[PDB]
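As structure tokens, one chain now follows by itself in the form solved without the ligand.
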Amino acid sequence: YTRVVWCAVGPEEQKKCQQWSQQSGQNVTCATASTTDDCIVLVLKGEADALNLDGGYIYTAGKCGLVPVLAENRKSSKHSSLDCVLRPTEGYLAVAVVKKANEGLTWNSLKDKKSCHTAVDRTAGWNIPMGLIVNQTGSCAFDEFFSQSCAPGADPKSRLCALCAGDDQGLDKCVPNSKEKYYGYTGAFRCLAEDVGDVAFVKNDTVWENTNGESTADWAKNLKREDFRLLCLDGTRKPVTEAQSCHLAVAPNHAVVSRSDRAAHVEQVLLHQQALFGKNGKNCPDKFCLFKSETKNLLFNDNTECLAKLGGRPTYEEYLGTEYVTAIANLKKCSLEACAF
């Protein structure tokens, strides 16, 4: 009945889950997979219960029957009275970021540049930006637009993996899990910060979180915001402060998914679990925090205040919204009702 097998992607996430599992008295247990796609398979098979997922993977998962349960919620300034759990989710701002010194570089001079993506099939990293780029260009040749990239999940032998580093040993080049140096929001941003790339497709929170002494991490301590710039679709360039008026799209929050025959029970264990290890949780600061991993967004983005109830008991199409659901479907014409397993 009341035991949840969570699916960790990669070895860094397995160690946070094991610790979570240590402190939960087996209320949560951990399966492990190499890539998000594999984890979705494990949950389909019933060998794992649930996992937190970027909107891009939620669309894959959805075609395969999986259902969103709870969603991540960050610090908000509208909806002050409402408790985090009952508070509506705001989404997040996909942005294209560049280095200020890289003068001249505009959304209209991206062709043949170098790019940093979070991973293939994710929202801010891949689907919005590449979606705009296929539309604007009239061609599915997205593999020929940037000269070199790090798009974790693309063919290791391809130009789309050229700029990825792999792990400390140089192994696992381009793998779509935290072992890649330039995987996910932080890695894609680092990718630009180290001047490995000309542009990084991350979200707004990422720039702020890793700049102005916020990360303390070796590669990020000396980073200042004012050395960065966003690329608007109006061909302009703005400071990281004008995010609301210079973004590519608003992205539906990452959410936990499960099989629907389990959602009721996944939902219950987790609400309890967060009362214990969440932002103001009984045993967070002292013993263990579910929502902290030191700029590494492991299992959950470090900016999650809490996971929140959904309300409108929404399906996956409704959760992602008809706007975004069309964006992906158009883009998948390039690579029409499926379940890719």
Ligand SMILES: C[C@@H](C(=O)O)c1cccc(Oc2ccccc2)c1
The other form holds:
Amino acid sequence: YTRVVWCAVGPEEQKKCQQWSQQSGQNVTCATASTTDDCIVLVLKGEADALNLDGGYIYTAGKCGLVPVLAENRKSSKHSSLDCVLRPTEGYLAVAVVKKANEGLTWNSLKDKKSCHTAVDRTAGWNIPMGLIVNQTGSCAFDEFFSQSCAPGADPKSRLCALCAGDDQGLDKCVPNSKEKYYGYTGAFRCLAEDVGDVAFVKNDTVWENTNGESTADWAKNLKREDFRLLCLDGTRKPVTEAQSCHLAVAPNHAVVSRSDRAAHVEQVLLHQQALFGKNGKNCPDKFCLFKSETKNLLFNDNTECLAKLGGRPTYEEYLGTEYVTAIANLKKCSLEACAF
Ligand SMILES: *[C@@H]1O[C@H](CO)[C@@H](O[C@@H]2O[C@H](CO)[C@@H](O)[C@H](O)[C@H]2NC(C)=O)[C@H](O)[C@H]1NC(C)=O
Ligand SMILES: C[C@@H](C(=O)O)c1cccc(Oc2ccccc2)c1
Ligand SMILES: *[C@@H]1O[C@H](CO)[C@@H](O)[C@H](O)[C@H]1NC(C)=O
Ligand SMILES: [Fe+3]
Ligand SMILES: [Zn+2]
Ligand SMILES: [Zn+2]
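To test you: the structure above is the form solved without the ligand. What is the structure of the form solved in complex with the ligand?
So here's everything in the complex, that chain up top.
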């Protein structure tokens, strides 16, 4: 009676989830929805139990009363004896990436350029960079700052969707799931790499995992790191090896959320599922790896080492930290105490 219904966002997640479901002997089964917001609503209703969320999505979910359960944890430096599940999480570095060739474009000349964003309301792709730009300009006209963008989840006929490409057929332009060619970390970095946009708002790790052979994927196999630079907030440009000193912010790790009344069942099952299909897991790479999806980042980021227990049974505000929570409150002025649903 601890069976968990995962929420898959879009059909490729759904496909991975079904393979997970089948491989788990139905300890995990799958609900599917078209956007993250719809998946949150399913969980609210009790029609799904859980999914992994970006930080901006944890905020929306948390005002609706959902709670973080386990955090994604990637490759670590200090405290590396301590086992992944126990090891605290550090956050990731939100960066703004450009082409080297595009000379002279800096954090200080982004007005009227072309922008690539993971999705609207995501941490590295939107909350951080738009939060900065509104604050930098005293202006809530964030939809008027770039000339065109791919910002999945924005109005498809607005300039915020003009660069979005939609699916293999050109359908679903600007939908916030992986059918949108330029959706997500890997999508927004693609948007930049094919020179559709002038800047992509992603995290530090995306640049590395999609260059210098780390990706075999079609558009990525020939990408070279030296061809990109990070935009720092002092107006300078740096190599993508300097993310530590040229980032826009540090982001709270993506975390599994659930209904509070289900949080404990979800926690146990996921710990158990990870021992079966995570990094060194009994059945990965043999039958199934929870943490791989050929760089599509389906249901978990592909760089995820393990899902880690959280210290202090945190609220969602505590999980996100009080800096990030205000920044998001401030930004949402352009648009306090209400669940959105
Ligand atoms: C930014 O991201 C890259 C890619 O994740 C980091 O480099 C990896 O880090 C671990 C140790 O932290 C190495 O052992 C991996 O092999 C690296 N991956 C690759 C593909 O080279 C880098 O450390 C991160 N930088 C900062 C400043 O956070
Ligand atoms: C308020 C709304 C708008 O466009 O006017 C908006 C702004 C930014 C992000 C959004 O995405 C969500 C999603 C769920 C709840 C609230 C906002 C929704
Ligand atoms: C924007 O301005 C407010 C007011 O100073 C500040 O609290 C917030 O952290 C700023 N947001 C970002 C994303 O830097
Ligand atoms: Fe994120
Ligand atoms: Zn910093
Ligand atoms: Zn607390």
